[PDB]
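S.K.: Residue strings, one per chain:
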Amino acid sequence: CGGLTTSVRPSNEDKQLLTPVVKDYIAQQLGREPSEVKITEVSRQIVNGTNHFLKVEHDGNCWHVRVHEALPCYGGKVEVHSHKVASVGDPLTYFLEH
Amino acid sequence: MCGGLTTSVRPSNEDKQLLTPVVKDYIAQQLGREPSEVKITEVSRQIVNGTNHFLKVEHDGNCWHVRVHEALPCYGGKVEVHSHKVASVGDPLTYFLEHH
Amino acid sequence: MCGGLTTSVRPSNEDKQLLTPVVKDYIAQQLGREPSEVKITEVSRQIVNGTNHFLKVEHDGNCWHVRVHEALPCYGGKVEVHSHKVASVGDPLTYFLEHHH
Amino acid sequence: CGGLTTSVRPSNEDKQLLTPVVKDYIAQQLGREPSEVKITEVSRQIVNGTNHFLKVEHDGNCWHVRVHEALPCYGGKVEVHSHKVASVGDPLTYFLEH
Amino acid sequence: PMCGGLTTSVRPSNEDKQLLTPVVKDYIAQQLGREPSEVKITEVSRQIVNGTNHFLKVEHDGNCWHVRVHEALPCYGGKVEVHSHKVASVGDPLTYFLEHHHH
Amino acid sequence: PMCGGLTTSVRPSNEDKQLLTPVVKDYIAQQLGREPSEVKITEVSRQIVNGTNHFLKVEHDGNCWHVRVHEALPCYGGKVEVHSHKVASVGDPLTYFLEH
Amino acid sequence: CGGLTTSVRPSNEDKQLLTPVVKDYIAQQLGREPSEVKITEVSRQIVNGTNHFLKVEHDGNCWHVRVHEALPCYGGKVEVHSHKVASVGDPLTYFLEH
Amino acid sequence: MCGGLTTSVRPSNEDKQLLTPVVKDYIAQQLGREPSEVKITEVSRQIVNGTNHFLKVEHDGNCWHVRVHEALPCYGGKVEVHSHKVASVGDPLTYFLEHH
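Protein chains in written order, with this note's numbering: chain A, 1452 to 1549; chain B, 799 to 898; chain C, 143 to 243; chain D, 1452 to 1549; chain E, 699 to 801; chain F, 404 to 503; chain G, 1452 to 1549; chain H, 799 to 898.
A couple of the hints might just be wrong.
To be verified - As a list, the in silico BS3-like pairs of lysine-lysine whose alpha-carbon atoms are at most 25 Å apart:
hint, chain 1, residue 1, chain 2, residue 2
1, B, 883, A, 1489
2, D, 1466, C, 166
3, H, 883, B, 837
4, B, 814, A, 1535
5, D, 1466, C, 158
6, A, 1528, H, 814
7, H, 814, G, 1535
8, H, 837, G, 1528
9, B, 883, B, 822
10, C, 227, D, 1466
To be verified - Okay, the calculated bits of chain H under chain G, using three or more residues with CB under 8 Å as the criterion:
hint, stretch
11, 814-827
12, 844-853
As the list claims (entries may be wrong) - Each pair of labels, with its calculated beta carbon distance range:
hint, chain 1, residue 1, chain 2, residue 2, range
13, G, 1508, E, 705, 48 to 54 Å
14, H, 886, E, 794, 46 to 52 Å
15, F, 482, C, 240, 33 to 39 Å
16, A, 1548, F, 482, 35 to 41 Å
17, F, 439, C, 228, 52 to 58 Å
18, C, 240, B, 878, 50 to 56 Å
19, C, 148, B, 886, 46 to 52 Å
20, H, 886, B, 827, 55 to 61 Å
21, G, 1467, C, 146, 35 to 41 Å
22, G, 1468, A, 1548, 46 to 52 Å
23, C, 181, F, 422, 51 to 57 Å
24, H, 831, F, 482, 47 to 53 Å
25, A, 1538, C, 235, 48 to 54 Å
These are computed hints drawn from the structure, not numbers from a lab.
Every residue, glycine too, gets a C-beta built ideally from N, C-alpha and C.
Okay, chain A solo, but in the shape it has when bound:
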């Protein structure tokens, strides 16, 4: 359940994907302004599940945490996908922090 397709070379896929990878991610953290980006291999996984956004207090600090839980028929994995430092009074909203 939740398996990856056989790796292939990208086709149109390049136009959709390449830009995000080049942009802020890698451009931000990892130095700045990457030169050469080609991809070369792509593999897809269909995922249905739920994101749990959590406010967590630990030892006098406060994080927001994004935990992904895949449905059982999509592999059932539970993983943290990101966190950010927050204040107690901050609203718990959708976020992605690199």
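Using the hints, position chains B, C, D, E, F, G and H against chain A.
M.R.: Positioned in the frame of chain A, the structure of chains B, C, D, E, F, G and H alone reads:
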């Protein structure tokens, strides 16, 4: 239409049992030591249907595997990188999740 | 793992309200006349997650559009044609569902 | 919701998976095996929903009917995908009749 | 065999009837090729089972079968039994199956 | 996640061959009505089982079957499936059975 | 499965079964018998899994190592529970070294 | 019979992939230095179902948390301490594994 967040609430006991161990382990690995007190005070849920694209990417003589999530349009349509790891060109492209 | 059928039951009122109009119209078109009594006596459900592939297919100088369903492996993995229609090469490949008789 | 992807020419994987299934279907529809079968264009739609298998009595006849209901976020369409003549005593099982 | 003995046969509870009756009814229908009218469970006996199902590819005299063997752990009674088979190819993947030979 | 997935296929160990070969050989012999000449197990994949077998006496339309239903624990997928049945008389004791 | 129950005071059965085992362990760890030993709180975790007993050679030394692997539905943790220095010729048997 | 070990064998590639990193990290922490070559030469498996009892124990004015494993009767019934740590009386009793 879909993919909105539920109103933030205090977690149930079931929520705490499922989520706390996973969060606790993540904090421990991020900080390099186990936390003493860990309390989930608020939870909000979002249904997500989409696809993860696992990519082998060569950039300026380096090779990364990158995990990019694409939500379906009716689940908000967001496209985001969720993780990367340094890899060798010969490494198989498999499922991964790499933290910091 | 998923994609099995539930045990057959007599339909609820919700089932009858959702399904009856669609079935009635289908029978009418198949037989060329509206039926008088239509009664759903048993229902069994299957969750399906997969992809529809809409295909333009050329064979011996004819062109069909073909709707092929592919269930995910954990929903049974079946690959099946669900309908076809005669088309021309210049027709756009769009969503369709074609009943023949 | 439930929209089709941009048309592309089929990949080698597409041709390997889909061509045999289509070829067999054409053969059965026409009553003879075709000589050339070529998929020239493909467009994909992700679907989640439920198949309802129904026993239906109408005007002294009995059919099994396969009705697909897409979830609202996958377009919400409700459609008959096939039927077969059945006896009242037949078990209601998975089927596809062309 | 410390564990894995059968309980004393009793009349089923309402919970038993609700869980098991639909499943049995559907199985009978598929076995006979016709839906039964009345289906009643009159007696139940229960066994705890811990063990492993082995799916096997087995080649014999130029034929290939996939075979489902259940092995209970020794302290659950230790029985090793074939439940079913299907004819397969050498090239077929060895996957989960359960074959009833319905009508 | 839930348990009761299949392990990766392997060639059988010597322990596997010793335990399983006799049982399979006998089963083939009974199915075909003659002992096979060559029997080799070439590949094996395992699934953990944790649950309960329900042995049932069932009356349906004036016939009587004994039915063996397996119920996996919730954390092993929760499936309830019939594994076998036999024709019985109404007066027969309900005991352990396996009918091919 | 595999979460910890809410902490409670130990039952009389808990005290009778577990106190001697804990007392003996403390005695061996400290090299002298304790006077007073009291269990004040207990939290329980059901675990199903497998112990892997390993003979491991590293840099000209040989250890036996006991690694516990919980089933996926019991949390999937893989942890070393003990080790002992051994010779290459020693049989690999069940052990627990404190 | 109950909770017996399998016959020792050379590890499979799956065994090496799962177990080697965990063992390597443990050795590193025990010795204070990462080993160069780590090789698993033999493996034996024991299937175990039971319960971990996490205990807060006060003994002669000191406070330990203790992890005691109890195997079910049909898995051998053994009761063993698997680890302890020094704790404060106010510490929450949570899952732990202490190597020191």
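S.K.: If a hint holds in the structure, say so; if it does not, say that too.
M.R.: So, going through the hints one by one against the coordinates:
1. B:883 / A:1489: Holds, because 17 Å separates the two Cα atoms, which is no more than 25 Å.
2. D:1466 / C:166: Distance ~37 Å between residue 1466 of chain D and residue 166 of chain C Cα, so the pair is violated.
3. H:883 / B:837: holds, 22 Å
4. B:814 / A:1535: holds, 20 Å
5. D:1466 / C:158: violated, 40 Å
6. A:1528 / H:814: With a Cα-Cα distance of about 23 Å, the restraint between residue 1528 of chain A and residue 814 of chain H holds, given a limit of 25 Å.
7. H:814 / G:1535: Measuring from Cα to Cα gives roughly 20 Å; hence the hint holds.
8. H:837 / G:1528: Holds, at about 21 Å.
9. B:883 / B:822: Holds, because 22 Å separates the two Cα atoms, which is no more than 25 Å.
10. C:227 / D:1466: holds, 20 Å
11. 814-827: That given contact holds, which follows from 6 residues of the stretch 814-827 of chain H lying within Cβ reach (below 8 Å) of chain G.
12. 844-853: holds (count 10)
13. G:1508 / E:705: 48 to 54 Å: holds, 50 Å
14. H:886 / E:794: 46 to 52 Å: holds, 50 Å
15. F:482 / C:240: 33 to 39 Å: Distance hint for residue 482 of chain F, residue 240 of chain C holds at roughly 37 Å.
16. A:1548 / F:482: 35 to 41 Å: Holds - the Cβ-Cβ distance for residue 1548 of chain A and residue 482 of chain F, about 40 Å, lies within 35 to 41 Å.
17. F:439 / C:228: 52 to 58 Å: holds, 53 Å
18. C:240 / B:878: 50 to 56 Å: violated, 39 Å
19. C:148 / B:886: 46 to 52 Å: Given a distance of about 48 Å, which is inside 46 to 52 Å, the answer is holds.
20. H:886 / B:827: 55 to 61 Å: About 24 Å separates the Cβ atoms of residue 886 of chain H and residue 827 of chain B, which means 55 to 61 Å is violated.
21. G:1467 / C:146: 35 to 41 Å: violated, 48 Å
22. G:1468 / A:1548: 46 to 52 Å: holds, 48 Å
23. C:181 / F:422: 51 to 57 Å: holds, 55 Å
24. H:831 / F:482: 47 to 53 Å: holds, 49 Å
25. A:1538 / C:235: 48 to 54 Å: The hinted range 48 to 54 Å holds for residue 1538 of chain A and residue 235 of chain C, with Cβ atoms some 52 Å apart.
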